[PDB]
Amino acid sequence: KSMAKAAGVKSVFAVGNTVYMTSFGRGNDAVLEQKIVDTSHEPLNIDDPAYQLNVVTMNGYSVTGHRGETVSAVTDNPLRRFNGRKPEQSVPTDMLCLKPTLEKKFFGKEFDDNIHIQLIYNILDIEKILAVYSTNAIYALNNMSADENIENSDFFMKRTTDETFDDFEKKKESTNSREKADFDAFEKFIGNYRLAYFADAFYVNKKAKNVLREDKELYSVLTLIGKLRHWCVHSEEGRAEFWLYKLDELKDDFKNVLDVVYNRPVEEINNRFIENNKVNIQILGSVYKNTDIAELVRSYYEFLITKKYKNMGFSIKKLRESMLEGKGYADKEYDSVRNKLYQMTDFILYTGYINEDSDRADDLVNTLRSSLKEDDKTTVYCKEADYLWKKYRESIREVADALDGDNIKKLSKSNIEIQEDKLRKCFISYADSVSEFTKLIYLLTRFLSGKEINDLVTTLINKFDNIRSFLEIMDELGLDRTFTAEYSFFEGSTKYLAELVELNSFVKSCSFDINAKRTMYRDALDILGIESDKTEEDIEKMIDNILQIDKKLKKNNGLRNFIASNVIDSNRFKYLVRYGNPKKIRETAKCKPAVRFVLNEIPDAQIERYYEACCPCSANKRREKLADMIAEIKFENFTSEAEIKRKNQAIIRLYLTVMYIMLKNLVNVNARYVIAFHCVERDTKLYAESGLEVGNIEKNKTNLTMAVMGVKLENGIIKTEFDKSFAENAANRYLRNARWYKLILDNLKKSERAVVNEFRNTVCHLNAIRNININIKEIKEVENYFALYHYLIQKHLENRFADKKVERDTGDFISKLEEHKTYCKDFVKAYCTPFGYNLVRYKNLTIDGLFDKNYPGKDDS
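Answer block, the chain by itself, in the form whose entry title says "active state":
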């Protein structure tokens, strides 16, 4: 929407007395355009300008650019920020007024410019996007313990890298009671049958078989994840504050375990590439007679794994099926080998366009870049496809007639020896030459969904690209880039970016272990709610009897083998079994308002499909009628009678989707408050250095927002009222406003230290939705996930504060929370006060409508 950004004005920096401007270069690169010194402009980039200045004024610059459509826009002078209607030109400061402190921390001294602060804030944001995912992985691992009752377990909380497994093993005969339980929890964790759900991190493939890793390696993985969560959320004093940025000093055991876990896919991709694609390689070698097979395998590797020339500027898939349309290859005979035939045809087209038809590819991309309507694009594709078919008909037929029958088997067993030294110089780098930060990121991604795997890496790509662009900009201007010894990790930001993009080239979701079907069957029974009178030591025997494991399902066993054949292998069940406690997600599925409201986010196509598969007329009554089908699903104990069974068998996928969506987005909601508390700790640490008496944050979490606001606690409560002088003497720019200072003070006067402490503990340990089955029991309506999550956490707080002394404000809040079966809109802003020093974050995390980026709504005062 910003016409200034549309016209190409990437940034407006301000260093010293001058002001520099930049434009959008190639991708995320920034290129200087011109500099301003007191309404006098000296242009830069004379060779290829991006925009020109029409009139330059003290309070703004007018530009016109030709990025897309010629649009004229106006920018504002950075030196004039906070210098309007009441020394008129100075470098702007941040909202928190921590710019000098952050600069003196990251770099060796103060800087009289606002370029370094943006890089520092990007570095800070790197930690923000890691705490959300790191505490999410810890949620899954801690939840894999399958605790049935109320669970407050904390295993990874105490884990630290400073001690190795040799010292940890010394706690077996230790005379301290706490260390006994510390070791017993680890023993129970490694003895768990559900570690097979993360076989890529907990299992090693050594006919051979994949077995559980050694205890030392399991402990190292667990300690690494726990310490990453600890460092991401908390802010430790001393050298522990720079653990992620000085992972070089990790112990030998942790280094070796990181190397081993990272080497698992790379060895599977490089060392057995020929063995995995032998049939295709041999067929292509027979086709391309004149080429060298050593170069052919390298080209195939570039086409499949690296995929660096694949961005040819046109859709090879669409080209291939415009070429093959209307021919004999659409028959039902070739679907058994389509997966190889189509890919080999794509490789043939890609090689042709790379080598001999590069000019034709350039002409095609030029024509496509100026295309008007959809009719033109398909016509150009049809013409190119006609040429490609007339050129490659014989080769395609030769491939197709040698891709069936005994020939596939013969080429699948025949040995092929190939000089591979050419392929080595293109193989993706092993763990030997890959940095510990990226290896740790890879290890972390083993414990979360594939969608979050992509999101976590890509955000890191963007952040490191921004860091690199900022660093490059300050080298052109002659500024200082050299970080202090604490943060020297960022000097190699280019190589970290390269390693991260290389990792993203091949990263996939977590992989199960083939010997993990009995546990998944039991888990599916628990999730669907099928119960048996048999004990724990007999249900396993019954599962072994039915499976007789490579499955051998007996005849006419009914739901017993129906589940084993149709619900263990489902992708939805794979997603849900590693996320959410199986014996708990059934009870929360009984919340009719919760399932009814979550069904609104489900696509109107999925809803129609599953309504047509259960009932035999508006969408609202459709959703309502299928919501109670999801809620009260039932089965047997372990015409219409079979019909009501088939209905519940059909509703299984929608049930699993509903549960997974609810749990995932509730954890996403909790991630915001995890980030907020991390920020509170970090900013307390920063303000402590700047010269502000912040007190002890651990005792009272509102100490930051009290010291910044200027108030203090005496006799347990604040004895200071509103006075306009306090607003203007605030430590940061957020609280300089009188009305919001007053509102934050008012909400702060009705909070409790213990309540805020437990809010912090519940947000960090994720207990609010770990005991979701208890805290969701009585809800009248659900309006959004903000409301649902806050109801859950308020119910948890009331449940624990049942017998402890609670003062008038919290008592009134709990009374409201019990009278109305919905979250109390005042309790949230009462216990959200530790974020008051950051007013925008505080308002985002208190009133809904402002909470969600994708769901804007009206804000009430």
Second form
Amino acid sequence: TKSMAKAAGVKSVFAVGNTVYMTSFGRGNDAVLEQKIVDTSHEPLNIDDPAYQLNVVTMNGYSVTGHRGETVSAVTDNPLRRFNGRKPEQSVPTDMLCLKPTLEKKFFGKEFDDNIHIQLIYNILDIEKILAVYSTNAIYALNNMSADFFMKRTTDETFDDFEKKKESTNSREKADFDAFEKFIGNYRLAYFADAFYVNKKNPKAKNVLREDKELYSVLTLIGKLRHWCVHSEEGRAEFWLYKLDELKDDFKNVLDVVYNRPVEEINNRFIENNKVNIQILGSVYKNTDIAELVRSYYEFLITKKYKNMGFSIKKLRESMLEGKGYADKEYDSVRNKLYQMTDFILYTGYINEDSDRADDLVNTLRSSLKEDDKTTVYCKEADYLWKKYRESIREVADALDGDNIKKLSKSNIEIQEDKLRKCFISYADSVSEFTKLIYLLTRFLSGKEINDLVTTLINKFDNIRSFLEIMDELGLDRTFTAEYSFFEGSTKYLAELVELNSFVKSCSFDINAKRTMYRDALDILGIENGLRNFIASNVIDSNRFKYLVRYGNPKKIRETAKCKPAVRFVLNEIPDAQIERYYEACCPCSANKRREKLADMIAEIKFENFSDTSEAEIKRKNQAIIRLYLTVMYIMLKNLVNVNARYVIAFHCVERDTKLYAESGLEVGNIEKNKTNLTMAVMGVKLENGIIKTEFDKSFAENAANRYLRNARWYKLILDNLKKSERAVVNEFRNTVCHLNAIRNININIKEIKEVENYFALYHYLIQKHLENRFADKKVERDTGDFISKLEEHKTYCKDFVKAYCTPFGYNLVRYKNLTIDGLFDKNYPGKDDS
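Mind pulling up the form whose entry title says "inactive state" next to the form whose entry title says "active state" we just looked at?
Just this one chain is shown here; partners and other molecules are left out.
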């Protein structure tokens, strides 16, 4: 169940000096101060419209009782007594990595004797983590077409300086320029059309490649983003993301050109596309002015302002209109627009008059301790919503049902348009460089990744804004240092990101390149009259083909489709009803038997199977097989990439905390030579002649750098794993994770697997096979040899090897546990702890 304190209305508890402050939830992700306690002495802020009242206040915590919605009473622990019980004074808590003073001194001027700034700093760190992961994914997608260049690319040089490599007398950069030249002109550049292709007029319009300057600028921006996020830059370059206004003119121009296209393609046709909707709404909103109504419609549909009010308008409308038989065939043709107008009416009803009703609904939602209440309150609200808006819904339905009158209302243009355009999407000349760079980064990833990245950024920026508002209200110092003053405008950035969330979609395949992708689509199934044209047409339009090609070589995907255990596991993840539907679509008998038959059929898909009695039967069968194959391989590849993202997070965190600990005064040494120097430095052990001679002692655990390694058992376990690791193996693992070499070489690394129990096991088997292949002709330590022999003998990933080469993350115990023991890696598959 969820936290009862959060449901009671307690947002957070902040320790400032010897006093403590308790906040409350507000409109959206806002915070309101109402309670200050100084050693069992309570003073109430927010004298009017309170959120909760504290019953008993003690040094050990505070018991509170809420007033919003359900009167749920809970208890909250005192932050000033953290780490100070049964072992004897009040002190401001520190982060578990013992890096709070260093982070405060870095992002701000000095230490602040409170636990508010550190949360903002950790939100910034989360922003950097997610940016690192998705920039690494984008770089891998851009590099996959090769079937070095993207590592040394920096924005300090423009295309004019890069062009001097034509006559360069040194081969080191001549090879780089040759690689750049080979990059352009590649047919695989047809993907990512919005990043490399632009529309051109006939003197009809066709998509053509941009000039070399713009392509180089895009590549440089992406490469520098990856280099800055993944690595720990030193000097001015470490502020590259937060000083994007200092970029050269070429990069700004390419960012503006990339960003302006969707905006100019969305707000230009807004009036014409939704004409009938505004006409009907004006008919039913007789009193409201037309300009204000169209402004509200634009803010509701294009900007999608109905997805951040706290509740779900869609759920309320669904639970309201279900009673009346609008789901019947009678309104089948008009359902699409009628429902949209219903949600619009609901939205304008909750922002003009029923603001208090919306606040009550969101309060009841927040105070619920389970899922049963979250539906009962929705139904209760929907009853009143029906009883109030039945007439308006009926009027809209009858107006839309008049297809004759609908056509009569479509050919007449009387809308005021050149006035009140301030609601339109801001062009590239008004948005910040950070948002444009984020959009350019998103132009290289799949839609789910885009949604995850944008939502995470919006949430973190909202967190930063709320914390800044809290600090301003409390009177605390919040002036960032001169290098991070960008974050002072964070609120504005949040808006842009929210605005960016309105219209950002996946990338579009170029229309003219529909023939160049014929070979890739025809070869992803490994085929090689005119039936192959049908197969290519039915493969290209699949949404999973984009992911399968942008993130994998089609021939390699076809080769890895022969791994029967892997495909069998992916089919096992699919529920029984879906498997039955697939079998009935692909063929004219238990669930497991049908799953095995499907896994056998997909493994040797051939041209004979497609060719081989109605034309409306064999065509659907071939389509079903094609779509099933594409779905299976897409799921496998996507989950493998998502698993690799976690280790990308881990290595970025390792680099960042290495730099932070080195700044904090800990002798960590260089990290490029050995990636596990953080863990030894935190423990305090040294590589005496290449091995850790020191054994376990309780004193070493008692004097660890951070609270993570202050438990004797986990200290001993991680030290033992360290003594069983190898520097070269760790470096190769880091390179494989950062460059996604395991996923790229999936053809070979999956050849001789026996059984797959989860995606974690498959990914680590791939990595272990890659490590064995790279070290097949090199001298390795006895532990690595034992691990490789065990992997070869069992033909399954070795968990001890995972514990061995994941030791660089050992300084963070929770991350190490999550990334080593299977069953704790994925939150969607909660397993059992093996240790």
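Numbering follows the first chain given and starts at 1. The term rigid core refers to the maximal set of C-alpha atoms that superpose within 1.5 Å between the two forms.
Considering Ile602, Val260, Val711, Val694, one residue stands apart with a C-alpha shift of at least 2 Å between these two forms following superposition on the core, and it is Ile602. Put the two forms on the same core and the Cα of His765 is off by less than 2 Å between these two forms.
Remark: with the core as the superposition reference, the CA shift of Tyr741 between these two forms stays below 2 Å.
With the core held fixed, the Cα of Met474 is displaced between these two forms by less than 2 Å.
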